[PDB]
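Asker: Here's the letter readout for the chains.
There are 4 protein chains.
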Amino acid sequence: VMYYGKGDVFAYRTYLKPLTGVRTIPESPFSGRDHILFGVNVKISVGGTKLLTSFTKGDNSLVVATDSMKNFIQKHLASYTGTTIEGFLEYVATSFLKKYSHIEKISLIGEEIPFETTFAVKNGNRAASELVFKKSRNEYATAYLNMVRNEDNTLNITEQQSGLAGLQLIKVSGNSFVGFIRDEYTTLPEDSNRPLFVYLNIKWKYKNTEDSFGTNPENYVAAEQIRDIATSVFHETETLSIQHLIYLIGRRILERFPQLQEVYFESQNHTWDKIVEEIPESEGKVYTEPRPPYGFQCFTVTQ
Amino acid sequence: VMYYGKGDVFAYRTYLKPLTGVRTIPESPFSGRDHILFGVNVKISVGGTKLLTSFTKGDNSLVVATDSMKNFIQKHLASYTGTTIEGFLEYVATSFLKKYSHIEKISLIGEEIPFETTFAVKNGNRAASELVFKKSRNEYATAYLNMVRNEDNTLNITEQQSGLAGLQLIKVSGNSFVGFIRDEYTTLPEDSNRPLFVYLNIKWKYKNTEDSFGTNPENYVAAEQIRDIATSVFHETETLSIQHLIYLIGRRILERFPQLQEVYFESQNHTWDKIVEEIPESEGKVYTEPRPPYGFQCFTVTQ
Amino acid sequence: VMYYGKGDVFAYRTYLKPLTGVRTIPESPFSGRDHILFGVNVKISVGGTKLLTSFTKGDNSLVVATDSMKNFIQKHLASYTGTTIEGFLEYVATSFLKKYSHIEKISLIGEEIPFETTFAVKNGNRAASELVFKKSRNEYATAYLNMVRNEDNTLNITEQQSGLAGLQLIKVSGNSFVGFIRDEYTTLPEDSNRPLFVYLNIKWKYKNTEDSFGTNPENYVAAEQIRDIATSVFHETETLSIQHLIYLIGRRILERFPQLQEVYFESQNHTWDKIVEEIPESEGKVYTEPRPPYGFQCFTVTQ
Amino acid sequence: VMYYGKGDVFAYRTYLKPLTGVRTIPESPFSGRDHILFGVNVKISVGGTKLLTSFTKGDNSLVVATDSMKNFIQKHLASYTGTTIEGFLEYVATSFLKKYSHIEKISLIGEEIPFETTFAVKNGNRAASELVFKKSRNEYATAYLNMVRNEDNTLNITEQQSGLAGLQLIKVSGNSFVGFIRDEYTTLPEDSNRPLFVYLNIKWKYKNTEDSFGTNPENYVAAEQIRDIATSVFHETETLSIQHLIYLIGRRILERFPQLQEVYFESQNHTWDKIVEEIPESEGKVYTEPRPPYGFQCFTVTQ
Ligand SMILES: O=c1[nH]c(=O)c2nn[nH]c2[nH]1
Ligand SMILES: O=c1[nH]c(=O)c2nn[nH]c2[nH]1
Ligand SMILES: O=c1[nH]c(=O)c2nn[nH]c2[nH]1
Ligand SMILES: O=c1[nH]c(=O)c2nn[nH]c2[nH]1
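Residue numbers (full-length UniProt numbering), protein chains in the order written: chain A, 178 to 480; chain B, 178 to 480; chain C, 178 to 480; chain D, 178 to 480.
Only chain A is shown next, with the shape it has when bound in the complex:
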């Protein structure tokens, strides 16, 4: 392995071209993105055989400074005329490989830095502000893109995936976990009604990479829509395990978005421990945080 690059390249752009013209699904009211405020955290990695002597000899002649990569990303966010993080990464990657012919490969990660609408009273009524935004530390969209310069000096995308990270959902009832192996290592009781609390990271892969860029936005798959499918399916399903739930979310994703090839789940179990099971004259219960160990599930659903 031989790579180097820059991480935590934060870049905030105001008034990016809005995303509109998206194709709706029943689970989601998502209709586009205003892009008054557009934030991204970019990681860039680059490689190529011509970088060998920067390691073996300390010769920096062909080294693009990682600081310069940061400048490159921030300048290109200013000049970017598209509407998606996915398209931004393609713009950076193509531009970078064109600038630096001795670089053979570039890998990019982009994480949305999300902001939420706020409201203000002016001129007699309360309405969504065009100026004030709330920074959100909850779920955020992601994008991945790698590009290579082939031996004949043409450029090709070699990896492209989009995702949703940091989704934390708890369903207070309508979940069971029963029937698992009960042997000398088992102390978990069967539970026919648990408050299942899952963390979800979901990544999808398009059949056609162009669909991820937003150039024809009807073919784009928005993280907001994926989020709304996850919450709807969770609600609809009498879950039998996290494994069972994520398969059903993946099936719904692929049914709603036939232009997707596959979807990959990383889930974690953070379900609370029960403290009080019965409250006089009430349907309520009391729970608390568990010990640190957490379950996880990794599963790919394919079209």
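Bear in mind the hints are in silico, worked out from the structure with no lab data behind them.
Incorrect hints may appear among the rest.
It does not matter which identical chain is used: a pair holds within one copy or between any two.
Straight-line C-alpha distance at most 20 Å; calculated SDA-like pairs for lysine to any residue [claimed, not checked]:
| hint | residue 1 | residue 2 |
| --- | --- | --- |
| 1 | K220 | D185 |
| 2 | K276 | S256 |
| 3 | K234 | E432 |
| 4 | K311 | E289 |
| 5 | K276 | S238 |
| 6 | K311 | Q345 |
| 7 | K312 | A342 |
| 8 | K234 | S353 |
| 9 | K276 | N323 |
| 10 | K311 | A342 |
| 11 | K380 | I334 |
| 12 | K311 | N378 |
| 13 | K311 | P291 |
| 14 | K311 | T271 |
| 15 | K384 | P206 |
Chain A is fixed; fit chains B, C and D with the ligands onto it per the hints.
Answerer: Below, chains B, C and D with the ligands without anything else, positioned relative to chain A:
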């Protein structure tokens, strides 16, 4: 000083009595809390001269185990019949001092663990779910309550305050910071139009402690309403500094809630550094994260 | 309340004047600091009645920018000719009040950024490096100073406190917790031999604030020495509780350092849960992390 | 992809069999580990075609609960008679596959939870304590193991890797970064003498997997020795870049440990910004923390 207790006592209750009958303000559509899911993180501290020998002699005869304090809090969340974190703390404090007559003082902090509504498609339409909630890592309500046993064995509340923590608001334009001292220590440029990014922690103190408990809910001041005042005032104001902004927020809070005695602000400046000031054929700009040092301001507004 | 300032002012100085001539104690090998690398994280808070209109009117005429306070601190670390964080805070505070006559109060917190020695080999010989240091995320020294301008324009230190933060100590045996109250809320079993794991924050005040500066190093109390007292007392003591332990550490500190007036403890209990109590042909056991709730103790010992 | 498992399985063992007889090297006096306290954080991932219906149908018949995997790991730490994390992982993997015939693949990560010796006094004689240890949040050893069940039912280790994570080293002088590309994106000044601050994660692979277990300690490569090579090479080298440094560290490791096949580096650049470059009558300078973006390098050196 001589205190001991328990921190990070997480407790989650389902179907707490709903909060309704609140009094509305123009800045906020807040109308109550469903309380299907109610989460709190409690810190408890206790003191009293009769605890001295637990330190000086290792005599535990009068020590309530901190583990037992955790049990006490969790069991009392199950039996609490009220509607606010503030009222829950009063319930815990009164019950604890009544149980342990050798304790002279108890101090409680309660932090909301907030959850957000999600939506699902069922029976033909998309609607808010009564089952699935999204855990939020953004702003959260807080409550503080201390109680003492007086020499005559009566009980009195000695401190009570409510608050809103973790509010992070950025206003993309309509903010200046000019006219400050420019001397041999100054390298900050004057800025007539900055994207002010503030973190806000807001704490309010009622004239009458009973108004914080929700027993007469029309007198309650909800953190949600405070949040909406902050975003509205930020939007409305051509800010001249963070100092200027928080004074105006405080004035609006005290105008909207005449039952409050005072409001206290802790603010932090996290405004981004500018990278690209002019983008062709666009009003947008590009910013990035600053170095770690952050400004802060602390100010009390009184009725 | 009315203050503002700057937090997370990191400043790293190479080749500060070495701290020499400190009085050693039997518990610690500490004899000074080479100060090849000296790191501090400073927080500065300033107040004064003349700051009022910066809040109430948006008037910035008397506003020292918080950015300028950062410059002030970093420049004064370059010009500081002393040998301790405590003395550095005094230098900054005096300098700041002499510079800005409208400031009536300044509060400073200084936290050591600790580095540990590393070893290197030169012509076969292994010895401590004078060039390479390891950044430590473990315990660190602290200092606090509050200075006021009196009506007659003299400057007075009204509060001074030094400390050690982030010390995490586990004693595998020789600890008990028995004899505490057992009632309807008590599930904690009595334990005659637990692996007590405590977090310690230890703060001390001098009888004479001048002794904190290091000008007469024989009177200076080093956080390193406090660390080694704490571990030695923990080792020696068959502890009966954390309360019992911290009182005994405090007594030993005050015996070793008669120039101190008080020692204040903030401790937390993070003792592991036992999983396997008996291992064949072994004295060992297996433990794991507990649930999040943690006990804490707060206690002052006075000279 | 189809796996599931358990993360953050903390397990602490007292009086593990000591590691002794480790061959020393010039750069390190390390010869073994007393193992009075042995802490590990384990992540376990398992797979197998027979797990399919646990996802596709919600059938839990062949689901080992992740909670039971936690119990399995903690119980096996109690019964483990070896001396290394690498060997512990082999013990867990082999035992798990022997127990659960439907599992075809197991992947394990083990991270040391490191503790440091402390001082205690006995009759004025200061010595290392056999009871009190300091929990360290600095660098720590790692181990990785993947084991598969073949069609002929033999068990085979397909990947094994050891490592050191979290090493943070700063060298105050004797580092340059010059001669890199200067074009339209370059603003970084050349620096002939910078205080290079690197984060290092170092991983190695053995020619023979059996050498990683420690059964013959003379063939075992300890993370502590790798740590000491890294600090020594950093000191000795007039570095020309991080790339240059990590190649030289890798070469030294492979020279000292001919039983290793490769060393893999993940480094990060966290070098401070210079604030004051000249201090009168002093060689010192003042630096501060940079903006968030960080450089990184990834590189494999082979035997
Ligand atoms: O949904 C679940 N899947 C699992 O594999 C599991 N193991 N313990 N609890 C669990 N819950
Ligand atoms: O609003 C602000 N107040 C301040 O005091 C300040 N100092 N630097 N920037 C600032 N912005
Ligand atoms: O040392 C202790 N002090 C306490 O107060 C306590 N409570 N539970 N466990 C405890 N341990
Ligand atoms: O050691 C370094 N390598 C790099 O690639 C680099 N880029 N900017 N600074 C740097 N320092």
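Asker: Between the shortest in-copy and the shortest cross-copy C-alpha distance, which are at most 20 Å for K234 and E432: within, between, both, or neither?
Answerer: between (54 Å within a copy, 18 Å between copies)
Asker: From the Cα coordinates, with 20 Å as the cut-off, is the pair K311 and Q345 best called within, between, both, or neither?
Answerer: both (19 Å within a copy, 6 Å between copies)
Asker: What label fits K380 with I334 when the C-alpha limit is 20 Å: within, between, both, or neither?
Answerer: Close inside one copy (17 Å), not across copies (30 Å); limit 20 Å.
Asker: My question is about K311 and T271: at a cut-off of 20 Å on alpha-carbon distance, are they close within one copy, between copies, both, or neither?
Answerer: Classified as neither: same-chain Cα gap 33 Å, cross-chain 38 Å, threshold 20 Å.
Asker: If the cut is 20 Å between Cα atoms, do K311 and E289 qualify within a copy, between copies, both or neither?
Answerer: For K311 and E289, the Cα distance is within 20 Å both inside one copy (14 Å) and across copies (18 Å).
Asker: Treating 20 Å as the Cα threshold, decide for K276 and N323: within, between, both or neither.
Answerer: within (16 Å within a copy, 41 Å between copies)
Asker: Classify it for me, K312 with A342: is the Cα-Cα distance of at most 20 Å met within a copy, between copies, both or neither?
Answerer: both (16 Å within a copy, 13 Å between copies)
Asker: Give the relationship of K234 and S353 under a CA distance limit of 20 Å: within one copy only, between copies only, both, or neither.
Answerer: Classified as between; 14 Å across copies, 60 Å inside a copy.
Asker: Using 20 Å as the alpha carbon limit, work out where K311 and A342 are close: within a copy, between copies, both or neither.
Answerer: Both: 18 Å inside a copy, 13 Å across copies.
Asker: Give the relationship of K384 and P206 under a CA distance limit of 20 Å: within one copy only, between copies only, both, or neither.
Answerer: For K384 and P206, the Cα distance exceeds 20 Å both inside one copy (24 Å) and across copies (43 Å).
Asker: Is it within, between, both or neither when you check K276 against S238 at 20 Å Cα-Cα?
Answerer: within (15 Å within a copy, 48 Å between copies)
Asker: Reference check for the pair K276 and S256, CA-CA at most 20 Å: within, between, both, or neither?
Answerer: within (15 Å within a copy, 45 Å between copies)
Figure legend: structure checked against the earlier numbered hints; hints not met, in rising order: 14, 15.
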